[PDB]
Amino acid sequence: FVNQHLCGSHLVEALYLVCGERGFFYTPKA
Amino acid sequence: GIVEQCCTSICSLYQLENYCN
Ligand SMILES: [Cl-]
Ligand SMILES: [Cl-]
Ligand SMILES: [Cl-]
Ligand SMILES: [Zn+2]
Ligand SMILES: [Zn+2]
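Protein chains in written order, with the entry's author numbering: chain B, 1 to 30; chain A, 1 to 21.
Calculated from the structure, these hints are not laboratory results. Please note: incorrect hints may appear among the correct ones.
[Unchecked claim] Here are some chain B residues pointing at chain A (derived, C-beta under 8 Å):
| hint | residue |
| --- | --- |
| 1 | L15 |
| 2 | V18 |
| 3 | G23 |
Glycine is no exception: its CB is placed at the ideal position from the N, C-alpha and C atoms.
I would like the entire structure built from these sequences, with the hints used as guidance.
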């Protein structure tokens, strides 16, 4: 299975770098 | 959502900018 909790940890650190000062909302549920 | 799109295949920086505010 794809471990969404471990992937999500990495995706939020990637969003932090790509969005910068714009920020972002992270909602797991689809 | 982002988890569906970017955990089984890689998302480039241009794809991940779609989720910024
Ligand atoms: Cl991992
Ligand atoms: Cl990523
Ligand atoms: Cl990355
Ligand atoms: Zn990891
Ligand atoms: Zn990544």
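Each hint, compared with the structure:
1. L15: holds, 6 Å
2. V18: Nearest chain A Cβ about 5 Å off; hint holds.
3. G23: For B:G23, the interface hint holds, since the closest Cβ of chain A sits about 5 Å away, which is under 8 Å.
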